[PDB]
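**Q** One-letter residues, chain by chain:
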Amino acid sequence: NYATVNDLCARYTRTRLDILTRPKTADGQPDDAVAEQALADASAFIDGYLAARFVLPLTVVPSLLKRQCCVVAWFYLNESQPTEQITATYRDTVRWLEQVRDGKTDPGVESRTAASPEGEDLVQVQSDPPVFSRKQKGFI
Amino acid sequence: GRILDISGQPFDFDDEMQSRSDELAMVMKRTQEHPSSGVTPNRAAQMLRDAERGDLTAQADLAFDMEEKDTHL
Numbered sequence: 002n003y004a005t006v007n008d009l010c011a012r013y014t015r016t017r018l019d020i021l022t023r024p025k026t027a028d029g030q031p032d033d034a035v036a037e038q039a040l041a042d043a044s045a046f047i048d049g050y051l052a053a054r055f056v057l058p059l060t061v062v063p064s065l066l067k068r069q070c071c072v073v074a075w076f077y078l079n080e081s082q083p084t085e086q087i088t089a090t091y092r093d094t095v096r097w098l099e100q101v102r103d104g105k106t107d108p109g110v111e112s113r114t115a116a117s118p119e120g121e122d123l124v125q126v127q128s129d130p131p132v133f134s135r136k137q138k139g140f141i
Numbered sequence: 002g003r004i005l006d007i008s009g010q011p012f013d014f015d016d017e018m019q020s021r022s023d024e025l026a027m028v029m030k031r032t033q034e035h036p037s038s039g040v041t042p043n044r045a046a047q048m049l050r051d052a053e054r055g056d057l058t059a060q061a062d063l064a065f066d067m068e069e070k071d072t073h074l
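The listed protein sequences derive, respectively, from chains W and H. In case it helps, the deposited numbering puts the first sequence at residues 2 to 141. In case it helps, the deposited numbering puts the second sequence at residues 2 to 74.
Hint data in this document are derived by calculation from the structure and do not stem from the laboratory. Errors might be hidden in some of the hints.
Claimed, not checked - Simulated crosslink set (DMTMM-like; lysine to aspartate or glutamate; CA at most 25 angstroms straight-line):
(1) W:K25 <-> W:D8
(2) W:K105 <-> W:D122
(3) H:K30 <-> H:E68
(4) H:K70 <-> H:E34
(5) W:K136 <-> H:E53
(6) W:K67 <-> W:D42
(7) W:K138 <-> H:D62
(8) H:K70 <-> W:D129
(9) W:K138 <-> H:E53
(10) H:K30 <-> H:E53
(11) W:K138 <-> H:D66
(12) W:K138 <-> H:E34
(13) W:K67 <-> W:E111
(14) W:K138 <-> H:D51
(15) W:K136 <-> H:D51
(16) W:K138 <-> H:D56
(17) W:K67 <-> W:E37
In isolation and in its complexed conformation, chain W is listed as follows:
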């Protein structure tokens, strides 16, 4: 997963996270595996939206992707009855992921070293070996 539960419980108040999680567990006591599973599902969502033009086991993780995983995990964790703002922000992050997949916006870099994640060649052409090109310094 892109973001750990210790970050989702920091961006979103831990008490509200416990309130959301405690029903979903089998026993009925505050649990941590539910949040990790939701974060894994959100990371899978982002991975699917990024694999279009990136090598998906990201060499360097864009620093905004932690936020983009936390928001989607929060929406996935409020599926029974979400606030209007949660839905609006989830639609905004889906729009951002669609723009990233299309090519309108790059995901960003790692804020530590400003390195952008690599990916496979979106465009690739092959032609026959070049003959009579200007690089052939013979003749002329």
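Fit chain H to the known structure of chain W by using the hints.
**A** Chain H alone, transformed into the frame defined by chain W:
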């Protein structure tokens, strides 16, 4: 017996053919390179310059291929 050539240098004349000298048996039998397969002007210039420097093998093979390939030629 010491026959002189046109340039007036005496020598001994031998009936044995120079190729059939039991020393050039592995250099008189060469399988041709056929260098005219996929020639690029750069490589043609390279073989021409090699021939100019003294190694005439590539030029001769290229000429043979040009003779047998280009019908008008």
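**Q** Go through the numbered hints given earlier and state which of them the structure violates, listing their numbers in rising order.
**A** Structure breaks no hint.
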